[PDB]
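Undergrad: With chain V fixed as given, assemble chains A, P and B onto it according to the hints.
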Amino acid sequence: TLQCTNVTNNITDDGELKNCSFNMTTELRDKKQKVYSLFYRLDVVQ
Amino acid sequence: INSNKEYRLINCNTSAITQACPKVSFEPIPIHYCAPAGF
Amino acid sequence: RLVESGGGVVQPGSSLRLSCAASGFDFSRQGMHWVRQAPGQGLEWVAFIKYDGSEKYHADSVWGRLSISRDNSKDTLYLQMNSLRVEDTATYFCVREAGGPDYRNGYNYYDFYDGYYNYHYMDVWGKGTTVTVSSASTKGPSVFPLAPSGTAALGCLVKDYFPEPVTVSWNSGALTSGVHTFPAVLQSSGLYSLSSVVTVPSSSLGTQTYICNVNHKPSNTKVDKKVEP
Amino acid sequence: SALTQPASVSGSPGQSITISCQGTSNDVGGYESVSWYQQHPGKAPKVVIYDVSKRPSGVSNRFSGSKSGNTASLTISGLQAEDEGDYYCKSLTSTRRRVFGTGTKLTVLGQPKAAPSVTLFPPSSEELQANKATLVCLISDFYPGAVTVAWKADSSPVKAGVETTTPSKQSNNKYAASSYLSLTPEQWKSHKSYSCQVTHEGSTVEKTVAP
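Protein chains in written order, with the numbering used here: chain V, 4 to 49; chain A, 6 to 44; chain P, 7 to 235; chain B, 7 to 217.
These are calculated hints, taken from the structure and not from any lab test. A couple of the hints might just be wrong.
[To be verified] Between beta-carbon pairs, the in silico distance windows are:
| hint | chain 1 | residue 1 | chain 2 | residue 2 | range |
| --- | --- | --- | --- | --- | --- |
| 1 | V | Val48 | P | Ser75 | 39 to 45 angstroms |
| 2 | V | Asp16 | P | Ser75 | 34 to 40 angstroms |
| 3 | B | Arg68 | P | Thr187 | 36 to 42 angstroms |
| 4 | V | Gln6 | B | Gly116 | 56 to 62 angstroms |
| 5 | P | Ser75 | V | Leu20 | 29 to 35 angstroms |
| 6 | B | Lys195 | P | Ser75 | 49 to 55 angstroms |
| 7 | B | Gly84 | P | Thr138 | 22 to 28 angstroms |
| 8 | V | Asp16 | P | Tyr113 | 16 to 22 angstroms |
| 9 | B | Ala13 | P | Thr138 | 38 to 44 angstroms |
| 10 | A | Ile6 | V | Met27 | 17 to 23 angstroms |
| 11 | P | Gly212 | B | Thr154 | 34 to 40 angstroms |
| 12 | B | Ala13 | V | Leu20 | 26 to 32 angstroms |
Using N, Cα and C, we set each Cβ at its ideal position, and we do this for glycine too.
Next up, chain V with everything else stripped away, as it sits in the complex:
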């Protein structure tokens, strides 16, 4: 599950890039990861 936002720009639209914060995992199997990444709209769906 990805929590994403319309990318940062000043209006004049009508996005497609998302600031996506999601809970992920690390090399250590117990502890986990909280990271953000920017994705094109075609690789995801709500």
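TA: Just chains A, P and B now, with coordinates in the frame of chain V:
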């Protein structure tokens, strides 16, 4: 990694770790390298 | 381990910077408070900051005079105290309240790369750095021999001195029976006003000599005042 | 704006007591974050309650907490001497700030309760010639120390130019406190009389002086 101290394996941040199953041994076995015909 | 520092005895109208130097945990991912307390008063709240320092909430008693700031790398909180007044005479604690260590589905979720969260409270709370905003300076006391109105009790009124203490003995220490050494106020000019009287019977009013020996220590003003009706 | 607590409680050892913290729906009535702090003289506060019902590891089971509406309460069962101290509640507010109670001074009771002795001194003549005037209301021999002091010029309440001490301990196991009233010589001579009304444990004692 930094109550009592906690520890973690050394390979965790490098390489996927396996374990050679106890059936297979490591014992060096004499090997004779050979060549085919024409050589 | 929190090191609440930066305080001191200052003037109204001045400015100062506090420091809550943090160890024993990861300050860089933990939101903190400043929390003040006037001497003998309740915990007047000061200001909250985010775990990295973008949010700077404040009580409006301190805002925007006592501005909270931090350094995640230094592991040290700060309170930029600007335009000081007498309400800043207080004991400035360092408090963590938000957050939870995100142990969910039986596993420790953490935010950015296994930090420490806020833990709903503190592993070790604020010690309290003391800013003490007073107005006066080293001034000798105005001592007045209290006319008694059985027990028509008398004494000396140690008025208008700063700072603490006056050591009021009686008759070079020869009189000690009935000495109510009662504490010193903070009056309007910053000075203090106590009365370490001696409660005596109504017979010896002026008959017994009553020399209050008011040794104010920072002003070195030993005021000797014989008491009579 | 502070969360409202009762200035003081008191109790005999073994007695159960309660302290109330009354906020608004935007702090105490809006969240489960109410926590409670115990404070001893010269020491930093320690949290005895959090998330309104919860005890932090190490706290006695004699401490409980509760919330009804906008009023959260701390309850101490079986008071022991070491519970005596000041108690502050902290709440989280809709803007994510924090706010503290006005505080409560709790007294586990050593001896029987005692009422204040009140002496009032008219302004000294040495001071009147100094072009100043002050009234000294001296309070003594009361317990537990908590006192409302109130001044009245004639029958009218006076909130201007009054400083009062925090009750301090005496050698005799009872408290003492003072209240000073600043006036101009004209004020002193102009008015009929001046009154000092000390409210201790719901009871008021009063003294009076006149030019």
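Undergrad: Evaluate each hint against the coordinates.
TA: Verification of the hints:
1. V:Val48 to P:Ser75: 39 to 45 angstroms: holds, 42 angstroms
2. V:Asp16 to P:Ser75: 34 to 40 angstroms: holds, 36 angstroms
3. B:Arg68 to P:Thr187: 36 to 42 angstroms: holds, 37 angstroms
4. V:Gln6 to B:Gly116: 56 to 62 angstroms: holds, 58 angstroms
5. P:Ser75 to V:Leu20: 29 to 35 angstroms: Holds - the Cβ-Cβ distance for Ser75 (chain P) and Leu20 (chain V), about 33 angstroms, lies within 29 to 35 angstroms.
6. B:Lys195 to P:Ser75: 49 to 55 angstroms: Given range 49 to 55 angstroms: holds, Cβ gap about 54 angstroms.
7. B:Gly84 to P:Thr138: 22 to 28 angstroms: At 39 angstroms between Cβs, range violated.
8. V:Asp16 to P:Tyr113: 16 to 22 angstroms: Between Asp16 (chain V) and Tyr113 (chain P), where Cβ atoms are some 39 angstroms apart, the hint is violated.
9. B:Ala13 to P:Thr138: 38 to 44 angstroms: violated, 24 angstroms
10. A:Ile6 to V:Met27: 17 to 23 angstroms: Given about 19 angstroms between the Cβ atoms, the range holds.
11. P:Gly212 to B:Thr154: 34 to 40 angstroms: At roughly 36 angstroms between Cβ atoms, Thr154 (chain B) and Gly212 (chain P) fall inside 34 to 40 angstroms, so the hint holds.
12. B:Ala13 to V:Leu20: 26 to 32 angstroms: Since the Cβ atoms of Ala13 (chain B) and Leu20 (chain V) sit about 58 angstroms apart, the hinted range of 26 to 32 angstroms is violated.
This entry does not satisfy hints 7, 8, 9, 12, going by the numbered hints stated previously.
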